[PDB]
Amino acid sequence: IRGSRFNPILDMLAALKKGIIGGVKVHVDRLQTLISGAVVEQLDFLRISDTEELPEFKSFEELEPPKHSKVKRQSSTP
Amino acid sequence: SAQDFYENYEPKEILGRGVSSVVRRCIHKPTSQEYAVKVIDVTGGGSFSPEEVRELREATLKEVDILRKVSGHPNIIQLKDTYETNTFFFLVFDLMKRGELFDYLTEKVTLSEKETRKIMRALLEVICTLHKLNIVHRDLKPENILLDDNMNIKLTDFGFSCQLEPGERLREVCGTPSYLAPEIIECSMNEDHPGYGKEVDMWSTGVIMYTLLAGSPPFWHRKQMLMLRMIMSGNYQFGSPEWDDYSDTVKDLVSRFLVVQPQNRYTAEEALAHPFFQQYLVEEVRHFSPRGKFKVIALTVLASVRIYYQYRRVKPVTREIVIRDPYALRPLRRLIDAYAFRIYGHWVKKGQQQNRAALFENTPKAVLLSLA
Amino acid sequence: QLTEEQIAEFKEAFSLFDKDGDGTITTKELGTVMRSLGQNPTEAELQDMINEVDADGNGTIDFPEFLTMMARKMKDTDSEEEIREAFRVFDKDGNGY
Amino acid sequence: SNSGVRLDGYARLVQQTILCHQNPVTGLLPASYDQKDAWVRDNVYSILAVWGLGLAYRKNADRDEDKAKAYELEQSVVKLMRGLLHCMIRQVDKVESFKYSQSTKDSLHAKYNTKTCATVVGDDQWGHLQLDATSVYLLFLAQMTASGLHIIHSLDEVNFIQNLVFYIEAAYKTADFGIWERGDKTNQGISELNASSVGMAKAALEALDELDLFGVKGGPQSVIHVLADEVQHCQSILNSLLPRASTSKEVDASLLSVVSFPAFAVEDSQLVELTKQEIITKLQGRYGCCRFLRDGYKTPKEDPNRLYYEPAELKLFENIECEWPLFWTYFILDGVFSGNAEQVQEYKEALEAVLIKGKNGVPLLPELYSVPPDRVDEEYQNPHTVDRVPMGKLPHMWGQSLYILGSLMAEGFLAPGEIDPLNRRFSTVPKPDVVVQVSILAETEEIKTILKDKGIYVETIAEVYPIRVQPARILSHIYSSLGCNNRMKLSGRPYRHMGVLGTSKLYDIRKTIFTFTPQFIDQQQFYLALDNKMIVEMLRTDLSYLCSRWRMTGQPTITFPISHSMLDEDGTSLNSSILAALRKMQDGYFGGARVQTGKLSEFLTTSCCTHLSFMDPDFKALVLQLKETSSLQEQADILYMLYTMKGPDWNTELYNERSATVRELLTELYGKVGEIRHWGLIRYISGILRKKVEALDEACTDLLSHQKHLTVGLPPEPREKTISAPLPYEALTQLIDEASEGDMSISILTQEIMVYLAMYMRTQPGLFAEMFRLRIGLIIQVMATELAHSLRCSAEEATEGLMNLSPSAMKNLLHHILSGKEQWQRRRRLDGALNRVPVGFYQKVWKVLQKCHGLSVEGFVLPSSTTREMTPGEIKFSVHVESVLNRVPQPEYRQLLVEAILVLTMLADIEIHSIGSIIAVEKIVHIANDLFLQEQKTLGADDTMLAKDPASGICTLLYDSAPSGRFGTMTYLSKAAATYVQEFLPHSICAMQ
Ligand SMILES: Nc1ncnc2c1ncn2[C@@H]1O[C@H](COP(=O)(O)OP(=O)(O)OP(=O)(O)O)[C@@H](O)[C@H]1O
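Those protein sequence lines, which keep their order, are chains F, G, H and E. Residue numbers for the first sequence follow the deposited numbering, beginning at 626 and rising by one. Residue numbers for the second sequence follow the deposited numbering, beginning at 12 and rising by one. Residue numbers for the third sequence follow the deposited numbering, beginning at 4 and rising by one. Read in order, the letters of the fourth sequence correspond to residues 5 to 621, 762 to 966, 1053 to 1223 in the deposited numbering.
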């Protein structure tokens, strides 16, 4: 999102928000609304596993802001 | 450029106004500071010719040059960053949470002895520092001096102040009508007197001290001509019921600070050498003959006897005297003066027409006022 | 105008006024000095004296305040009254000197 | 699992406490006890626990029992919401009638009956105006819709919701009965503005800004369009009206519901902390927090079987007010929501003790705790010392539901992001900055060329064919057709003006991008746009306004066409002011905003674009004389007479080819005069046309938000009725016209003056300080007198000069007078005319009345028995004091009385005693005048110096005398007051300190 590539990303995001991108119709809404009322896949084999310790899975986490430069998403600056 | 200033300083709510300037707070984005930014235009809304614009630009560049000359002084205001655009001036300074000396003085009417002592000490320090660099401010006014959270006074308005050289004198006529020396009026009569000098700042300090102590400017009249004649004549007087309860050192300092003759006026170094600003911590060279010890013992006994009489010399309420004259009681006079000032505290701003001495009328409003 | 000897005498008097060096004459030290001299001022009278001598209500006396108080002018009648009172206090014995 | 057991226990507790009174068929829960009545707010707050339990149960999916329980809870919530929606649609007539002319008799009833969804009470036996309940219902409906639940279900229901939004958006300028449904402290059938109401309404409008009620499957035809100007006005009102509760209450515990989890409608976290601290200091008790100071609800006195309590609450209801644990639940919610953990633990520990057990050991939250009648004096002498007893609704559904929700939040079974999917938790995050974009368009080729040779590149009106530019009236008429349903007798949004925040955004209709100019550039509506200095000044003002808040997503865009009216006399170059403004903005800085010049197509790439789906498909002798007369002022005069006698709408028959009515001739004359720029008959034309300044009601409510009183016209005793509450535009215009009477131009001058006052209040809220009431008539008299003094002319010449001055001159003169800058007699007259008094004057007068039997002002009397009835912080006491002091019609005498009162207060501070009699300030000032005359005679002043007032008997030198000094009037007033005190003392003085 830095440098001269800032504009194409905004154009693609606006195309996604409009409703149709690349000849394909898409819908934009909150994740919680989309999840509710939808079919969910069940993976019950993990519970049946006899492993003493359940494996730990690392999920995507929010990246904390830096405390040295504090780049608060400045302009494109070509 | 302007883009760098915009990305570096964030305009905020207005903190002050001028003849053609607006003062607003700014925040230094890399540092999250609380500095102040001053915005002054060039064309004045298209109301003046480009000659006025170029004169204003020259004044601003002279101001920033003089300020950068004296940069680094903690007592003097500092110019952190300067910017120049086609139609706007951007300057960065240090913001203070306290107002100017005018606001504090009009709130407190009269300040304490320690406060006035430290204020004149700081003013003497800054003026002697300026003299060391051959700079004349000649615009020392109570409104033009500010304060901070530490009750420290910092001189500002350096747009007026310019560099000087030995052997040359200036001739411009200006300033507050009550803040002029006999030198300026002598020069401006027709052509006789050479020009400006150094003692203008000394009389500025004197009138500052007089205004802070007595609560009113030493010279004030309903007519411009009368007040300029009184200032030129140098016929100032000390109030009878106001200056009685003060130490003699302040009378002497004010008297030598208001001397009409520039040659006889005390220098800043001479003022600093006075015992009023002199302080002592500890010494071990106080040795003399037994005659000195006897004199010290006698003086100590005299001082003890003097303080032994302070409580018995106090006066009672004396309600009858209050009926005849409410000015006899100093606390009552101070209270009524403070109440009167609080009633009319919204008519004290810049301008010779209305000032603190307007509120006070010591002269009797009788047939004698007709004579002039 | 003052003198160096006068300044030294005032400093010595200020130092001797308080038993402990703290820059203040202190109400307790002044009361003890008064009792030692042979006087018993009232608490209200002492508080009134402290308030009158001081320029505000802080309730403490500094050396510049003492110097300013000693700088007052008694004129003529007050001076002779003061010296007569001092002589009477000093002349406790019935000798006339 | 342990979590499953805890959830089962919580569900059992909820079923046994709240859900046991589900009341099928309708689904509206009874409001506890033997009431058999349903409150919409109570039901909405009670359903929160059920909604939270359902949300928690939904997470533990993949099981039939858990899925069934979650579905049952969600369907119960949906059924309750649908029952409330049916209840509210049952008063479509009331909603539509309230949409025009806001009155307490037109709003829907707050009290709704049980099953069969009928009305249980009449329209006059209860307070049927509570915008807070409807607004919180809308906000919670939006929250549930965003969560995933389907509640709003029909296009007719969507239109009804839009009508409800239009009904609620006017909350910032109307007075309701509040949450307590009792108005101020004394009921007396009165209502007043409440901060909670406007805050919750603003939060509701923010929640429904662009929400899709049909969910992910919804289309463009099922979205709400909510304007941002009203929300910003509400925010400003709240910011200027949240150092206390309201204009009458110093503090209310209901203010927590604005600065906490419910609706999160507050910014400036420092103000939130200050409000919480003051609420804790003034309301916290041993069994919760009291509702507000001086409340008599549930008291052992005051005849509980009575209403409209008389003003006798001096000390009866003081220090013995009841305490409600629901505010403790609100505090624990606030602690557990944002970032607090220790506060949650301490508040839970405190609340666990005040809990009362029920059947089978069930927790129950009592409604309030009341002081026993026997131990009343002990509580009065020793506050918060006696022990209260539980009484009221033992199973308080609101408090129990709030406590259950808080406990579920604290236990970790639920997250803050579930109840608030609309991310309202970060409303206190500071806004970094905003960049505003502006565009300049030339009407004609000549303007474009004139801009070109001056180094500015613009685009003409043409060549931008994909983009169309019209004034704001078209946008207004377009929005007036929003939410219109002929079958349901819905008239849609009424025609209202829009601020600069509405025209800034871009609009897309019929697949075409539309840009609208700001509403202020319409010279047809009013003559204010004619002045160039006015244009640039309030353009800077609106730029600053846009740069300040900009709460709406996207970048803004401003269009500034350069018309033909601001050109110079020769008509060949632009004026200095507009050229300077363009040059300043070109440097990326104008006023207090950062701007950048550019092309509209460039701004189209990134801006705020909105799509409007709803727009998809002898008389003859007089006429001859008027035609032939010169002296255009006399021509307008004759036109006014013709309009007065027989020209309301009758054709004058001036022309033969075409019949033009009187209005056409008036418009032609106004257009002709606008070119010459002569302000001699412009006011007359404006008065004849009855043109009114736009957003006058907005200015009035902004002025009244600071606890100020306004009076219209010169004051006689009978007329000039004061205004204390916000008033509709039609009634305000009627009052202005009635005050102006036949002077017509007086109304226009008054309009200009109050609009200037409103403009100056926002920019500099320090000049109007210490002022309690503002009188336009007195101000007009003062400016006329000042101009006459300056010009040394007559009153008629002064009025003519005032009429001839430009609006910028009016603003400059008003600013100079307000500052009070430019002898002592004139200054005293100006001070008295504007009734300027010190800030602590009210407190000093209250203390004097406490320490004295009364005050005599040479007429009537002011008893000291009123000090117990009122408080120094109450505006009623201040207005009573002002009315008492307003009897004397001499401003100099008023100032003399003020300073006499001040010196009397200083004396009463000096002397510790009770006067025990009535003191006359008139006698005091007379004694002071006599003493001054005697002193002047002794000094040597002759007869011409010792003058006498023609109608006051006061020496002119007294008015000319300075306040302080050796011979100032302060000393004489003090001497006179002391002499009066000695005259009213037992032959001695009692002044000691
Ligand atoms: N750091 C600051 N914070 C707030 N206000 C300030 C600060 N520095 C200066 N000011 C104010 O801005 C003004 C500075 O003087 P300026 O030259 O802009 O005004 P002026 O009308 O030309 O005349 P003067 O020099 O007499 O003030 C004063 O009104 C002063 O109170």
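Simulated from the structure, these hints should not be mistaken for lab results. Fair warning: there could be bad hints in the mix.
[Unchecked claim] Taking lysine to any residue pairs in the SDA-like style, the calculated list, with each CA pair at most 25 Å apart, reads: (1) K509(E) - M637(F); (2) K152(G) - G245(G); (3) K397(E) - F321(E); (4) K108(G) - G170(G); (5) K209(G) - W231(G); (6) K40(G) - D272(E); (7) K697(F) - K435(E); (8) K965(E) - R335(G); (9) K435(E) - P690(F); (10) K603(E) - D526(E); (11) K697(F) - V438(E); (12) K435(E) - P680(F); (13) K509(E) - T614(E); (14) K326(G) - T6(H).
[What the hints assert, rightly or not] Simulated DEER-style distance windows between Cβ atoms: (15) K78(H) - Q1223(E): 27 to 37 Å; (16) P394(E) - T45(H): 27 to 37 Å; (17) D1190(E) - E15(H): 53 to 63 Å.
Heads up, the beta-carbon is just placed ideally off N, CA and C, and yes, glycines get one too.
Open item on the list: Need the status of pair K509(E), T614(E): alpha-carbon distance at most 25 Å?
Closed with: holds (8 Å)
Task: Satisfaction of hint between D526(E) and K603(E), Cα-Cα up to 25 Å - done: The hint holds at about 23 Å.
Task: Restraint check for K509(E) with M637(F), where alpha carbons must lie at most 25 Å apart - done: holds (22 Å)
Task: Pair hint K326(G) and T6(H), alpha-carbon separation not exceeding 25 Å - done: violated (33 Å)
TODO: Would you mind confirming whether the straight-line C-alpha gap from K108(G) to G170(G) stays at or under 25 Å?
DONE: holds (23 Å)
- [ ] Verify the proposed pairing of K697(F) with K435(E), using a straight-line Cα cut of 25 Å.
- [x] It holds: about 12 Å lies between the C-alpha atoms, which stays within 25 Å.
TODO: Take the C-alpha atoms of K435(E) and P680(F), compute the straight-line distance between them, and say whether it is at most 25 Å.
DONE: violated (42 Å)
Open item on the list: Between the alpha carbons of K152(G) and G245(G), is the straight-line distance 25 Å or under?
Closed with: holds (19 Å)
TODO: Please work out if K965(E) and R335(G) have their alpha carbons no farther apart than 25 Å.
DONE: violated (36 Å)
Open item on the list: Looking only at beta-carbon atoms, does the pair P394(E), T45(H) fall within the given range of 27 to 37 Å?
Closed with: violated (59 Å)
Open item on the list: Would the hint linking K209(G) and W231(G) be met if the CA-CA limit is 25 Å?
Closed with: The hint holds at about 24 Å.
TODO: Take the C-beta atom of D1190(E) and the C-beta atom of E15(H), compute their distance, and say whether it sits inside 53 to 63 Å.
DONE: holds (57 Å)
Checked against the numbered hints given earlier, this structure breaks hints 8, 12, 14 and 16; the rest are met.
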